[PDB]
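Student: In case you want the letters, here they are:
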Amino acid sequence: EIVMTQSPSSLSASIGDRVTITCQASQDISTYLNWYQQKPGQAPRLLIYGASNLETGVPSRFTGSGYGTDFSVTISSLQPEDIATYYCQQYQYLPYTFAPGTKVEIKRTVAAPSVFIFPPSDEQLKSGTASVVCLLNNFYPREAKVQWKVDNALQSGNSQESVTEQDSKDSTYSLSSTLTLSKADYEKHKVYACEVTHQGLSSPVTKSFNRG
Amino acid sequence: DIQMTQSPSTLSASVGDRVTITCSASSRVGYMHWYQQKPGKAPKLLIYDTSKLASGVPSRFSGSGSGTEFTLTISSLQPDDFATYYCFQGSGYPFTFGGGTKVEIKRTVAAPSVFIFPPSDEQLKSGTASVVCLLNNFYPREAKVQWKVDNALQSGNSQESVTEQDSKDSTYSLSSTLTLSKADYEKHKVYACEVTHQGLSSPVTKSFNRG
Amino acid sequence: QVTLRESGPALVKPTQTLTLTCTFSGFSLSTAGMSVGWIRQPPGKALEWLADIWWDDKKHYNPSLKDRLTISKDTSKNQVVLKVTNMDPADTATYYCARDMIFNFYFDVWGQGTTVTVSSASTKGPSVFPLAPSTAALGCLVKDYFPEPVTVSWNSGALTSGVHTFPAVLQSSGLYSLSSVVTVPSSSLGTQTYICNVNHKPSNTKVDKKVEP
Amino acid sequence: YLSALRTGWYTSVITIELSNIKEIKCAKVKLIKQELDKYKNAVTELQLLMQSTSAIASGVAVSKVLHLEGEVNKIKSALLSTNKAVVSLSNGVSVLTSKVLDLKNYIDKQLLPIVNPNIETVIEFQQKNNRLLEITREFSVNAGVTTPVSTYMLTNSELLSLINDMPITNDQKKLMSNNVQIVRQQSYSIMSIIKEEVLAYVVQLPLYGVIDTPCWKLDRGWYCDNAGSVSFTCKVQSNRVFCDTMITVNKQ
Amino acid sequence: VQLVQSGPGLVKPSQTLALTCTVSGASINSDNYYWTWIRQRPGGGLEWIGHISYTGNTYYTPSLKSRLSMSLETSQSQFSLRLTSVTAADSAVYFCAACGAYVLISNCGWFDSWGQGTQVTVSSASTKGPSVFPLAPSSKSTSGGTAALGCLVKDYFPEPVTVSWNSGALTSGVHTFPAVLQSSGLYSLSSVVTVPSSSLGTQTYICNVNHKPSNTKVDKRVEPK
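Chains as they are written, first to last, in our numbering: chain A, 1 to 212; chain B, 213 to 423; chain C, 424 to 636; chain D, 637 to 888; chain E, 889 to 1113.
Looking at chain A on its own, in the form it has when it is part of the complex:
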């Protein structure tokens, strides 16, 4: 079995920049290597076969190079459709061994999230519980601080955030803070607020609804 080493572990460059991912190998693999694109949620996508040859349908900006134990793939211009995880795979010695992989992100301008809050549906309150979903759509960068305030009381442990991978269309993220409570505790309060602290905001914004 062959130990595959890839470098770096994660990078981030602007659009149209030049990226070069090297793939370090254990022993000599000659001209046998495969690069794969894997966008999150999708299966692996073949890009480079045989170190330097290109797969049919791959854009004209992916270059392969290297023989033996030192290999490298290059992107002529980093595009929004290239945000994925890239691995290198050998196939001379059995078994076939993959690499850790490299996550590729894109540096863009500062984007501020749009705050939309939803009240718990009436269909959920029948079951005896309630959930308030706070949405932060299309923002960059990824760092965000969300903290609920129920009747001006900080709530912790009952809130659950969820961040998506960086979008492939505009290089923006999305956060969904779900605050779970019970029907008994829900009907005992009136104000439900979602405080949002992001870099692209001169002051924290909060979208709050009543009637609870």
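Mixed in with the good hints there might be a few duds.
Claimed, not checked - Under the rule of at most 35 Å between Cα atoms (straight-line distance), these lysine-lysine pairs were calculated in the DSBU-like manner:
#, chain 1, residue 1, chain 2, residue 2
1, B, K394, C, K482
2, A, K169, E, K1100
3, D, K666, B, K264
4, B, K337, C, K436
5, A, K183, E, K953
6, A, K190, A, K169
7, B, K356, C, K482
If you are wondering where the hints come from, they were derived from the structure by calculation, not from laboratory data.
Assemble the complex: chain A is given as a structure, and chains B, C, D and E must be docked to it using the hints.
Tutor: Chains B, C, D and E in isolation, oriented as in the chain A frame:
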């Protein structure tokens, strides 16, 4: 390595005389080759592979031999054969050549023609003067040129250049160049060139007057 | 047929590198079995093998010149380059190149040869002076040039019979000077033009001089 | 009569770097895919011949060391920038390896753009591929071992590059070069393996250790001197006597 | 060449796994095709399970040399994967792969035809149907000319859940968030879509929830107020 010993070092024979060169080697050598170099020209392949004869050379030349001894035999010598012949080996590194046999033609004693040339006006306008005494077509090579400026012998200011043997008549040419300054030229009167050759029973003298 | 011609500086300044190139036509070095050698000859001494290259880029040198020799081929140009570093007063020689084949270990076809003289010296020009006649003889005279040789001819190479070219002789001041006479009929004087052509390529000067009594 | 008797065997590995082919389905291209099917039909005939497992004993020994894993990687990487390499195998013996053809470069450099076409490019390919069609055609009938070594097994220009690099004497290189057709008649080409984009076969050239010794014909056999003794058909040519260790028509 | 899988999403421990993969666009007896199985660990990279050649020769990775058993059902043009006595370490996404070729002088290592991947989770716990509650749009979920609206997928096990809007008609401006493991042992996620605020009350917006591990398909309509 492989060292070559070529004999004779210098041989003289008449036109049509059989001449054989013997070229021995140190260690055992398979093939032996031969070359001819005219004066000034690049060498020319005569005999290749011990016995075979190269193209562009008459059958007058022949070779034989093997192992550590080789011979190059000329059937009848010719005046156009005047050259320095070598024996070359290609059986081992480094590639080595022979010693160098310079052959001279045996020739009837030829009496030379003596000339004399005063310095030109272009040289006198530069500050130097050179009187050249010409010898042409003689045999053998032995000849003595003694300059005489006003019945006085000269030495140290005369230089002699000899032409190689001709390939048509096997004769020689000499040019004694007496070198002096412009002041020492307009100081004397006559300038003679005494030449003594084996073909001349008495030394002929060629002279002139300054201006 | 096969042709070879050397090319390089005729005068070297001591210890400076000497780049010599031998161009060939009539054959391609890339053809298997082909080779190109180098042979020099110091004045007064015999021949001496230097180096050679082969189509497979296999090189063989002479242990007499171990450190300085360096040969390299050029199939794309039909030439062979040879570099000789650290030149020395003893390395004055007439350098020849030649073709060699593995089928017969020798040099069959040869080149004209270039003269490289090893001296701390200043390049000189041609000093030509006539030799008027007074059968009569005439000629020309050369002085203080560098270095040997210089090709001489009469009437653009038309006058050949009876033409002699004396070898150059060094003088006490340490330069070069020779003579070149030609025997002509006495009746032709005054009616036929006689001009000795001198072309000192090491100094790049073309001098023609008319000979008249 | 002179001599030229064999004393040993010069072993060597000849490689022809092949190229892997991926999906290729896409007038001038009509003849491309036809000479492409011959390349497919020829490389598969070599692998099926390889499926089957004492004069050339010293040569075949190398063919069973190449079967070892990673040994092909030693050779395939040795001939990276050139066509001549010497490699110390697992046995510690250094064998000479020459990369005759480079089909790995010609296919990935010139056929990837068109398939994945000028009529001038189609011409030269049929010649580069025809040699493989012939080397396979010869290996398929003689059962892996062919003799003499033909032009396709090793061309005139490539046998000389081998004899020149042969660690032998100087004049013998001049002897064998002038009698190359005799050297071929006393040689052996041995198909070895096909894997890892390499076609390698072991070529066995004769080693002449006894030259220029007296010999005489006519007890119906030959007699050649050998270290004070005399030995015993021999392929004669002109004055040279070629033989190995175990109507006197025309007149000249 | 196209590949489609079929396997269990939940598999109780210490039992053999029944994966399958159908081949289309090329017959299963095609020349130079090595049908390969590859799984991908969560958070990490891929792992080569092994392939089964078109001839029938199978090569399994030395770590799983005794637990694998790949098949070739030529009459249905498909090949399957079987892993014996699964544990909690085998939980991963299993991808179906193949290696097309033309001339093979080395190994078949390239993979152009892949599969969607079977999220296989191995645990002694049982499945659970998801809870779909809509996130209705309102005057607070608006911002100028647009209006956010979605539906919450709550209380389900195990992964994954397929969310579709208008049966694939609406695919722009849709963001499905990663699953969140709640207080109990049940996952949950929210799927919100951005839509112009002038089109609400005039077009039908129904979110489709599909949970294969428990055999469930829910259709919940979202609407303002």
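Student: It remains to establish, for every hint, whether it holds in the given structure.
Tutor: Hints and how they fare:
A C-alpha spacing of about 58 Å is found between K394 of chain B and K482 of chain C, which places the hinted pair above 35 Å, so the restraint is violated. For the hint pairing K169 of chain A with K1100 of chain E, the CA-to-CA distance comes to about 29 Å; that is within 35 Å, so the pair holds. Restraint check for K666 of chain D and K264 of chain B: not satisfied, since their Cα atoms lie roughly 57 Å apart, outside the 35 Å limit. Between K337 of chain B and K436 of chain C the alpha-carbon distance is near 33 Å, which keeps this suggested pair within the 35 Å criterion.
Restraint check: the Cα-Cα separation between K183 of chain A and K953 of chain E comes to about 54 Å, which exceeds 35 Å; the hinted pair is violated. For a cut-off of 35 Å, the pair hint linking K190 of chain A to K169 of chain A is broken: about 39 Å separates their Cα positions. Restraint check for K356 of chain B and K482 of chain C: not satisfied, since their Cα atoms lie roughly 52 Å apart, outside the 35 Å limit.
The structure fails hints 1, 3, 5, 6, 7 (numbered hints given earlier, in ascending order).
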